[PDB]
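In the form solved without its partner chain, a lone chain appears below as structure tokens.
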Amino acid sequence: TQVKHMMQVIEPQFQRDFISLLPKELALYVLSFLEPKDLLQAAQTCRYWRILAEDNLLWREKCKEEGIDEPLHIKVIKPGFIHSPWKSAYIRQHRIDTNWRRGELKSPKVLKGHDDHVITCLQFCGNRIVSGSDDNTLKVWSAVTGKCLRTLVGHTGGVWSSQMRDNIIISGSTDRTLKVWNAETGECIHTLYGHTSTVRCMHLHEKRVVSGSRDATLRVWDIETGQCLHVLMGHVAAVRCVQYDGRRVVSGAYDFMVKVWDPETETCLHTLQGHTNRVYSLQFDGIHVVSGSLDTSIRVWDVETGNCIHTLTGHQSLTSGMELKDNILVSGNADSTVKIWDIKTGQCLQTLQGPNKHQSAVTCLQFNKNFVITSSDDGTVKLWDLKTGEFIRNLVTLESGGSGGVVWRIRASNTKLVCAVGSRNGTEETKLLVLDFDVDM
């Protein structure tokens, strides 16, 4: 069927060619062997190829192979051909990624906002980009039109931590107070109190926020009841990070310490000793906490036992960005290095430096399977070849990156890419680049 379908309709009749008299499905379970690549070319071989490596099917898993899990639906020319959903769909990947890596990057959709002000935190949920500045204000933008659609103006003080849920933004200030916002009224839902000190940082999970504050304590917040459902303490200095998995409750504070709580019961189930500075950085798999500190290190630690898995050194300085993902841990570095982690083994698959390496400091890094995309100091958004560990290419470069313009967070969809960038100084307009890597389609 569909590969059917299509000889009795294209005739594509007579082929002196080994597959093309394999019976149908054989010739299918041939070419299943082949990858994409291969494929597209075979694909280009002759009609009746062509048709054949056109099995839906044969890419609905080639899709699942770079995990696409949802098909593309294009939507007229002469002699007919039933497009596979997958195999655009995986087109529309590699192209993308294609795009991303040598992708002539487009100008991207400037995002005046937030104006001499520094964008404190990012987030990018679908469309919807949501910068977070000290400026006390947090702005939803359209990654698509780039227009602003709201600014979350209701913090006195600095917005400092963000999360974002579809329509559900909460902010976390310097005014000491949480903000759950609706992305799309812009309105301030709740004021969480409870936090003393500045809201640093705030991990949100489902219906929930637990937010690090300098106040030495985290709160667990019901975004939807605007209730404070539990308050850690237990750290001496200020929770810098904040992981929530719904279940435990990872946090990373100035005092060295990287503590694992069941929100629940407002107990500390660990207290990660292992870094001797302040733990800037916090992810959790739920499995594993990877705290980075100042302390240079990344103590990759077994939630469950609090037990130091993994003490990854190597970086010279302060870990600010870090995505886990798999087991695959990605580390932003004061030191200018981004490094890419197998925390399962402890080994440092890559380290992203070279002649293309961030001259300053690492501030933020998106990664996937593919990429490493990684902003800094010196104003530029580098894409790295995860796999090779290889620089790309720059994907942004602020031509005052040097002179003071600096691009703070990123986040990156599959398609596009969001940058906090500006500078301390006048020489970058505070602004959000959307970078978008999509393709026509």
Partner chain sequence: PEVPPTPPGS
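Residue numbers count along the first chain shown, from 1. Whichever C-alpha set is largest while still superposing within 1.5 Å between the two forms counts as the rigid core. Compared with the form solved in complex with its partner chain:
- The rigid-core alignment places the CA of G426 less than 2 Å apart between these two forms.
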Given for the second form:
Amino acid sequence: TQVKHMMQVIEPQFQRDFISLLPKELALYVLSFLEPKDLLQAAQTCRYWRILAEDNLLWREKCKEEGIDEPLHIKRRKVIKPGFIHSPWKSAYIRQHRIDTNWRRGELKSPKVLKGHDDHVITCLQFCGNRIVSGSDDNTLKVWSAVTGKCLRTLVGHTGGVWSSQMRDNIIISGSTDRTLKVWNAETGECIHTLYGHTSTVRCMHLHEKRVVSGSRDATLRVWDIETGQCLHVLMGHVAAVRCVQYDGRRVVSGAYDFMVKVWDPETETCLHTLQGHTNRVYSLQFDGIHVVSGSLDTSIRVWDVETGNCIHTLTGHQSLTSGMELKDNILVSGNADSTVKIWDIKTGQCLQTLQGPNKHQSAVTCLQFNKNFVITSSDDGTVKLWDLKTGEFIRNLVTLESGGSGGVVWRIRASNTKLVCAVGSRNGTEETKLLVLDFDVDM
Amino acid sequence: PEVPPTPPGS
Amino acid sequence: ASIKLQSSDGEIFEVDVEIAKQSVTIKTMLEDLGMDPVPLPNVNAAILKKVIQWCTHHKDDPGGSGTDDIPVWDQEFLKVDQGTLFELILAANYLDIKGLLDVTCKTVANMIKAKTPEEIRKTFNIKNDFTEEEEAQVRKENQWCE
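Swap state to the form solved in complex with its partner chain from the form solved without its partner chain:
To see the whole picture, the full complex is given below, headed by that same chain.
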């Protein structure tokens, strides 16, 4: 009845064209075989076609195809001309398409600069809704607004450097060389719990629902209840430091400087599998419930089956340390000290792209994110680069530190659909430590 | 060649 | 076996039951309502010859669907003019013949992808009925890339 209202009321009578004259179901059926680019061009043909092409369900389907889940409702109205009844799904498509475009080629707006952690390293970074959490070897964490750039809180408590953190809207958890974890209220900044049990640095952690698992230089892992503050379980069997950990609520997976990856059932504190094969330290890890993926100093990345413990793929071709990997639906993106990023299909072992070329990173890759369109990579060269995940081609430098080749580095990044946040600094004073936040939203 | 920051040893 | 259809303009067609029953409309009127002959008030002899020709070609084409690539034979079969295509869409809908509807409709969609607004007019006729102001808005609201 959107279309009924608009036809009966704009009154576009006497057109001499094919689709104007069809029943409207059939005109819409025809229009359904078109891609959005075409629908937008059809819409500029005449009033009648415009009204048809603005059909709400036609665009709901187009949105589900790009995985756009909510419609978008605007307001500034106007009543500009005789009345138009916009489709929320259509403006949601268009929103997303302009956002994408803005990341690829939109003028780089000057980013907000959040100065903090003076003269120290930002060792972990978290970004959740409109909150950013930076953690540091100054012993603190700071909570910031991604919207205004203000520092909202400063989480003081640790007597030791912060090196790991997790966040889920308003719960933050930190891990330190002071051998503890801490649980914090982001809004108020109070430390609600302090978790004792480890005796050496809390190097990594992973949070799932109401439990975090921590891994430590002590060679153990502990599983902790976040509400109660109690340590539920203790996972013993590693022989050297645990550098990386994943937890899905059902199995813990840990990777350690003993070259080993272990899979555990936490409830019974038992190691179900020791995954052996890496010929050097394991540094990075991903896990999706079915596959474990482990990055080594071996320069290898191994893919394994949690259920059996069997190596499925040994993915090769990086030349140095794989420092971080992201895994999503059987696509894996790996960042390496060799300055290169690769994209892999972990079902087949295929290396789909290697990100390099004339605008390659000049030094180690420190961090990365990706979605179905882009990879974003950061580096000690002081840039953050945007690449096309489908073609593997460089698109552009999102950030280029002037001090990049004199000490400035990008330690890590987080991105939302709309925003990019970068932790930046230097070991020699050439770049003051800070976060950079860039906005790619569009007006809408 | 270069590895990321890591906590100091004991 | 064979059954009788009566076009809107009074002409009888002898058709193989299994080819005719591709029209859900016909099938229903045949099996559930027992019509003999089956009267088709919305389809004349001309398009009805074409519909039966299409069905006859696809009397085995086990749908299947395959909406993606439009077959070679069908593409030649609709090298036909705009008026006829329009009737074929209407007859496919009336007769409920999903394969014919899909093909014919895709064929029209293809006359749209991916021309500019102006080129879509020169194909479909269409007068630009927008004011200066309206066309500014529509161009702005339906901007691709920039």
